[PDB]
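Taking the form solved without guanosine-5'-diphosphate, here's one chain by itself in structure tokens.
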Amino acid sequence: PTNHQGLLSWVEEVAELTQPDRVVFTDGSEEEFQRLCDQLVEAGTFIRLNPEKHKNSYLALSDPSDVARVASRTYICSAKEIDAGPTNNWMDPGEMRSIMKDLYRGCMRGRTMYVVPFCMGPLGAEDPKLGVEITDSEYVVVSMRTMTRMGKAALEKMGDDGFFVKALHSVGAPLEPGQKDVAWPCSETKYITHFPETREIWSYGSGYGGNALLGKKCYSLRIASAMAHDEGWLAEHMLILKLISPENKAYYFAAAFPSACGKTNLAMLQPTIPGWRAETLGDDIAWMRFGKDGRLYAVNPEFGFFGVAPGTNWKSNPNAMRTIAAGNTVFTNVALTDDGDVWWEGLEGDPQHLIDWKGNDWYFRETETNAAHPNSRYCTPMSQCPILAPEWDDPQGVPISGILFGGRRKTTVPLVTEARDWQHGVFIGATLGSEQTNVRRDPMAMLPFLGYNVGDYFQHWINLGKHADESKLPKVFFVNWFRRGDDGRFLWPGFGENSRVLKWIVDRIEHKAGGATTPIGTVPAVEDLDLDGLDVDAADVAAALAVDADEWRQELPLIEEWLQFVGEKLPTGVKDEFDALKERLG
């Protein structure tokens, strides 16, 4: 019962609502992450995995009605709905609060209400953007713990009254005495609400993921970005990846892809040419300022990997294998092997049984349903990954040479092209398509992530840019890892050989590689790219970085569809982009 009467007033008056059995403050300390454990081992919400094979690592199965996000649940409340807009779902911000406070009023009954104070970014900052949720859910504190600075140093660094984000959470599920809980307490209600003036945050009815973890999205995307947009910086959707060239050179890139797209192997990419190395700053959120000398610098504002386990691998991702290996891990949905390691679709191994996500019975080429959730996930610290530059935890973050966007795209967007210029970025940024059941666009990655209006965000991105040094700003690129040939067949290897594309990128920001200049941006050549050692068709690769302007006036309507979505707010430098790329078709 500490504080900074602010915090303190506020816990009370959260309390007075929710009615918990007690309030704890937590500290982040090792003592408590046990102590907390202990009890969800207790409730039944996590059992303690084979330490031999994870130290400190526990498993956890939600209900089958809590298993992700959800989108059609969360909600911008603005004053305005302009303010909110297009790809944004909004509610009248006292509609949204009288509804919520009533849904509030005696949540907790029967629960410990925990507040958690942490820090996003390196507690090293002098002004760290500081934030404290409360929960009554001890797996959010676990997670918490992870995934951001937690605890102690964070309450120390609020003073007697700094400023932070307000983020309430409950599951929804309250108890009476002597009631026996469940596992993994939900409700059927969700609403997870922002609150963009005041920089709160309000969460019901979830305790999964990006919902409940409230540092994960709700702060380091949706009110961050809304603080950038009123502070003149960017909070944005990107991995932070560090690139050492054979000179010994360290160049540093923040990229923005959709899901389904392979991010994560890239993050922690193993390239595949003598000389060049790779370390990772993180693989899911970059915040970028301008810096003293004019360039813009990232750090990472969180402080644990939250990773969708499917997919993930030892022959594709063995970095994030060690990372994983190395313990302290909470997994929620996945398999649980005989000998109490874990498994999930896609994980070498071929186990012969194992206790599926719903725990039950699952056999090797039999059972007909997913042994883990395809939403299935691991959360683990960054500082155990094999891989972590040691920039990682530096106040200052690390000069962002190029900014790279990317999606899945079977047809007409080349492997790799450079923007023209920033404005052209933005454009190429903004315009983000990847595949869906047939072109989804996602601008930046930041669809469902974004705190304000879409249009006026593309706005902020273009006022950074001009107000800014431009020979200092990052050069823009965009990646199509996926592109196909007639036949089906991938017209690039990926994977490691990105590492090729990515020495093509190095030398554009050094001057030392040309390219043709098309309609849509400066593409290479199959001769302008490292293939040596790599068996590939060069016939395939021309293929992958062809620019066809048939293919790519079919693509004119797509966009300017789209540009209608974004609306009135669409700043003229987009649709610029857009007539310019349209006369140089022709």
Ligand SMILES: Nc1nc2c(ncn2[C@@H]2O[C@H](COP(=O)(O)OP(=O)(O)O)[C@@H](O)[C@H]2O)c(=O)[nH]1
Contents of the next structure:
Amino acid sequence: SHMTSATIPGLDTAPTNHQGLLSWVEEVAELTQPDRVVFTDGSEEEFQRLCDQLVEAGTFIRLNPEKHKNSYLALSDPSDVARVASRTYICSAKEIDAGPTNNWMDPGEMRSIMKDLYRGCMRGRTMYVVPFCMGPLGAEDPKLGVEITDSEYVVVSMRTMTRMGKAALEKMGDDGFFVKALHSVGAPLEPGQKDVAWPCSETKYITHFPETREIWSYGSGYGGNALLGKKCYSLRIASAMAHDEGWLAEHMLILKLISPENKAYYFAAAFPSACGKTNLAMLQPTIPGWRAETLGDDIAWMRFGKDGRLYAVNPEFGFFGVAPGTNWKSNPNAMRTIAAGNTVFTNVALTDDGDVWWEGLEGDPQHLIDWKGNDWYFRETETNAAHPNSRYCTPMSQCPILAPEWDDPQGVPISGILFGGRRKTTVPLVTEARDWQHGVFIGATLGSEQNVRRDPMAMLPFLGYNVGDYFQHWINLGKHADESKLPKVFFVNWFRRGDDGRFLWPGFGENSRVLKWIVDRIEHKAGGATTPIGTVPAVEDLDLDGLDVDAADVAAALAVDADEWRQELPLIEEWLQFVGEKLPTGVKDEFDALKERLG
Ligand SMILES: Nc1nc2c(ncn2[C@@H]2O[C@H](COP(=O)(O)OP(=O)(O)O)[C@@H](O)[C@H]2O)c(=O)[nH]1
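Could you output the structure for the form solved in complex with guanosine-5'-diphosphate, given that the previous block was the form solved without guanosine-5'-diphosphate?
Everything in the complex follows now, all chains and molecules, and the chain you saw is the first one.
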């Protein structure tokens, strides 16, 4: 019963304008043996058809439309609840081209393993061919992809997370390049066999071939493992492209800040997961005359324009956010984005009237059905109602403070790049780099307590190539650029704590005051202290008007203590040794310079 190429249903009616794509699909279909092949078009009628089928399969339940229109809740197999690092590989030809932040395997060996897994993996399933565009369609030469998947769940979320379907397919023309992205949940079915709501496999791989720009995923239907745009393309493959083609693919939010004189500024900020970020991208300023709009909260792609400035575009089309922690008081604009519906919730809790709830959200519901389908009772049940890593998947276009430039293929000019992590000591609230190479060093040595892990540019699990070569790439772009047009680089810390354990700086909206200092520095309208680590404002350099806070706590937040920084040195030094032979001299230079300035 193994079926050949042109007898698999849906293959005879396949679009044929792009022969490379069609040959690839046929080769894949021959291998995985699905019941049928469907090319998705991203239309609303298709979206509803797939959602209905998801409801019928039990994968989705339809949420009360009075509270979220066109919205769904999906509960995963508990063994498949997140992105898995140790199962993620960069399979460059040479191990050194993956380097010490990456998991490597010989690509010939990986292909032998995965090709074996893929054989007959789609039996009894529909194989979807999902064309998609990264970034606005308006671009002349955008980065395109096609995800083949046996997961309908994946198709629906890809429609939200990328520009999916007919348009992207047309953009590929007859011979356009695209990233081949292959995915299976690894759960073949016999004829007539009852599926489960969330199929998956104990055997999981998430593999990237940087040279050919390919992504092979198997065994997981969840998140970044399966939505191949989200990190696999946006960061892993894209960063390798950017390396070769002279640009930057980064783990950054893009923020639009507008001053009281009505001038707009655009900032990119690299914070690791949970150092957010989502909150900064959706800032509501607490000082009069300042407004903020968002272009994105996770990925930024940046290229130098004609005028020598650095321009950023958000390559994604949707938000894929962590639900718990999100609430109306901390992040009302995120909540309003969600409130407009068209959202897929994964692993949150269900209320009695078909709303959704997760830990930290308002309401105090008395009874819930939790993320595993069990009864949950307020102030009694000892387990979390929602999975701690549960998700919302929501269109970007519903964000009430979406910047009008959000879908512009030309991008936005970046004035400032920010780096930050969770540091309870040592790092001050905000610091400005001395120049580009010092900013690269700051990015390169970014620490976050999540005992301090180094997470360079928030890219630790996401680099598509050797971390040292990546630092060198950052260095090279600044050396060959007009220094006057380069974004200024800043180093922030929202999480410094006093001895009594409280946050020295209140943060959230109040971070607008830090952003105001940053803008003034770019305009040369503010001063600061020259310290061994960079330019750090004193309390009197910050607008603290109307902020109910002890000025002493602010001074403490801004302090540069040499003893603390001397303890930081060997930690940094050991990280630079870990970076290995490809550590750029330029980075080591900045280490020595900082050490010398410290005395
Ligand atoms: N103390 C403090 N915590 C914050 C601040 N901004 C975000 N956090 C908290 O850090 C967590 C993660 O924030 P989030 O923006 O969702 O992070 P992301 O994953 O980088 O997008 C949430 O629990 C926030 O309440 C801040 O400015 N100050």
